[PDB]
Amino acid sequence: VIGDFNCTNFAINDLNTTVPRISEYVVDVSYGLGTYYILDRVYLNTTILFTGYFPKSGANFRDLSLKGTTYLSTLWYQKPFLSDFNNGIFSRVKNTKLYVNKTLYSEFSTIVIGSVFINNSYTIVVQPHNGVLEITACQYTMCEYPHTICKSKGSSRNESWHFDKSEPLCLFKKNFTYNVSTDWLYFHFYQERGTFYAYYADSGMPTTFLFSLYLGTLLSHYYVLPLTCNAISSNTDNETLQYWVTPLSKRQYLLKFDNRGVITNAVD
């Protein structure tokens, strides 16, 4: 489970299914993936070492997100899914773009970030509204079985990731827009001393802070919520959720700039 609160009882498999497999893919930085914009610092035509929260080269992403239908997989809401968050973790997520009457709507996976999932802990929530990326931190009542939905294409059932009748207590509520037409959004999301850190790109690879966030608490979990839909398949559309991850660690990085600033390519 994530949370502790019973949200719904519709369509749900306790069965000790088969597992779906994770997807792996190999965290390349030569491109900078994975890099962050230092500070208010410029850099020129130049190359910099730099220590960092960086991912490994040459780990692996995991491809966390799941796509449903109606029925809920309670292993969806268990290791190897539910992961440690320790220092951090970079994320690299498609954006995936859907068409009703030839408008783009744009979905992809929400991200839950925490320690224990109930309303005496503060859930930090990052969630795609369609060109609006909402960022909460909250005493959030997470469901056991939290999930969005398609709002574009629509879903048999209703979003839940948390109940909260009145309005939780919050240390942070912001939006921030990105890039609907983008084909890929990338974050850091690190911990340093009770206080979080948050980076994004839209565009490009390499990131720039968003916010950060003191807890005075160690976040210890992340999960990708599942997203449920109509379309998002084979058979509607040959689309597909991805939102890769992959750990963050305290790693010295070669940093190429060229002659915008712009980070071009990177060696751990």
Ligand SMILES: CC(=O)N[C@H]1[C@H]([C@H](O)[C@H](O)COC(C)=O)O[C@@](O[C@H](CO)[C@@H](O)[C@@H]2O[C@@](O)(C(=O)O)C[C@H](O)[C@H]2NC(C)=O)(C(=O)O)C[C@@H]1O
Given for the second form:
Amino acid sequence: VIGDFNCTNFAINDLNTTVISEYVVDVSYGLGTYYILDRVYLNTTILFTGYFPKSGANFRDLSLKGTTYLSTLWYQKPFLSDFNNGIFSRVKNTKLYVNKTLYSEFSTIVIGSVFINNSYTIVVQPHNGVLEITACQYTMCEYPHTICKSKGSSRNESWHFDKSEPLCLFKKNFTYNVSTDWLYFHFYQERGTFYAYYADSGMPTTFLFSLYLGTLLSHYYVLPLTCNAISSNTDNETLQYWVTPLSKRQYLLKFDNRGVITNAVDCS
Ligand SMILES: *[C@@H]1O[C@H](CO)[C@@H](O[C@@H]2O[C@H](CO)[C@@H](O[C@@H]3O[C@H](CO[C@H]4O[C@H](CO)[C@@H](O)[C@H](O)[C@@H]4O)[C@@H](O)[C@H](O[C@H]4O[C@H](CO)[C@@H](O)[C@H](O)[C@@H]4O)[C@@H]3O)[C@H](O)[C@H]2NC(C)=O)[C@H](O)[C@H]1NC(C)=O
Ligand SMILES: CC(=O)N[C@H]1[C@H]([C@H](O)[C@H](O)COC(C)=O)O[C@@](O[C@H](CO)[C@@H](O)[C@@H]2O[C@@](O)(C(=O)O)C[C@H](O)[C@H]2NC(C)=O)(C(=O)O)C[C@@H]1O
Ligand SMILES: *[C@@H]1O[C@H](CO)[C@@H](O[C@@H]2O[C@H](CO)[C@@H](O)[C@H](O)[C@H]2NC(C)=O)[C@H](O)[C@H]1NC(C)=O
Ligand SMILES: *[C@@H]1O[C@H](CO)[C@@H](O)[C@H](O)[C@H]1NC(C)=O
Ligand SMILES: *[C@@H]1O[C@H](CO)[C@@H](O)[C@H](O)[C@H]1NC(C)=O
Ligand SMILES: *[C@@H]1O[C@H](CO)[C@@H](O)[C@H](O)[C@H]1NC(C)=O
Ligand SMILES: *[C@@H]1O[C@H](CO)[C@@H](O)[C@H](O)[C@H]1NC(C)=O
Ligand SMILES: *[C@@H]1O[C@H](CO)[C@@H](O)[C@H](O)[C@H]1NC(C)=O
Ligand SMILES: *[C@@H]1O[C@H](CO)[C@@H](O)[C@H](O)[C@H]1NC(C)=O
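Output block for the form solved in complex with this ligand, input the form solved without this ligand:
In what comes next, the whole complex appears, and the chain from above leads the way.
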């Protein structure tokens, strides 16, 4: 389980519906890199040491789409994952339509340790072009999940159950371009401080925020999303949430004559 609060018992079973899909990391076009601090470099190559993917390691697609039932197996290893230094995410923006109006959906991610309400859990969740980010003492459910707020779902939303507002270290919103096909994120920790970088356009990410926690983060998990759409019998749309572990590595980076990172090489 995630957390330990019994939020609901509606439509739960133990069915093995899944295999973790895999894809190979290739940083040759700047995927997995980030812009360095407040610096700018022009028409040049730099050797830089940072939190980067291993080139030629795998991405895992951790996204899960449900309709009514939730499998208990979705809330265990290999999905519940060790955080270590951090993770890089490549996220498909699942652009849906209702009455020819566009809506953006993708999987919420949570990062934490015990997920009990005596500890801080980070949550990153989209709301159709608003990205909501929080770090609070949430009472996480045993079986957390989200919903398609656009197309609807056969079940109500529940990933935490706090009746009063929980204590929070952080709460902010960031906009993202709902028209783009891919969002990239780095999440990592150093000396008890969490760091987040993202991009919605291009591949190299840029700094969103950092947050002192003091405690080591140990686990992350990508929430199942429940929807009456997003399947081969209604629209052939799909969720994807690819992740791969970060580590301290040396990269060659190439910056063009307008300061964009166009290419990179992992030096091992
Ligand atoms: C921070 O997070 C913790 C969990 O990590 C929360 O603690 C849990 O809080 C809930 C809600 O108060 C507790 O659930 C209630 O426990 C009562 C006692 O359980 C014993 O008795 C029942 C029989 O009544 C046995 O089956 C059980 O094995 C235990 O021996 C129950 O009496 C309550 O049941 C009643 O309410 C539910 C509500 O849905 C009804 O469905 C039932 O029919 C019944 O009317 C209820 O189950 C839970 O025990 C707490 N867990 C722990 C480990 O402490 C904190 O509440 C949370 N803090 C904040 C501020 O939110
Ligand atoms: C994580 C995962 O495996 N995700 C897949 C999902 C699950 O395996 C399934 O939910 C598990 O179920 C458990 C745990 O019991 O199956 C999906 O495909 C279904 C068929 O497998 C889909 O076509 C549904 O078929 C129905 O016959 C039915 O009820 O399953 C009628 C329903 O209206 C229709 N859903 C719609 C309209 O989206 C789905 O979506 O749910 C595609 C998802 O990628
Ligand atoms: C951040 O974005 C969220 C999601 O849009 C905002 O939350 C909504 O706020 C309105 C007005 O208070 C409520 O009616 C809704 O119920 C809220 N939830 C949702 C899911 O829409 C939030 O107000 C924004 N700002 C901050 C500081 O969090
Ligand atoms: C969860 O809560 C419901 C309602 O109280 C109860 O029927 C069910 O047996 C509970 N399950 C567990 C594992 O506590
Ligand atoms: C689920 O099915 C996959 C693919 O067949 C298999 O690799 C895996 O061991 C199964 N897991 C469980 C829990 O049965
Ligand atoms: C970029 O660098 C190359 C190699 O030194 C040079 O040939 C080219 O003229 C430079 N262009 C600009 C606009 O700096
Ligand atoms: C969803 O919420 C509504 C309103 O409280 C309730 O009538 C319905 O039974 C709930 N369904 C589930 C599966 O939680
Ligand atoms: C949003 O994304 C689309 C597709 O990449 C792009 O054409 C458009 O110019 C972007 N708009 C803004 C305001 O970023
Ligand atoms: C999904 O794509 C397949 C292959 O083209 C097709 O057979 C199927 O009818 C499509 N379903 C929908 C809802 O478009």
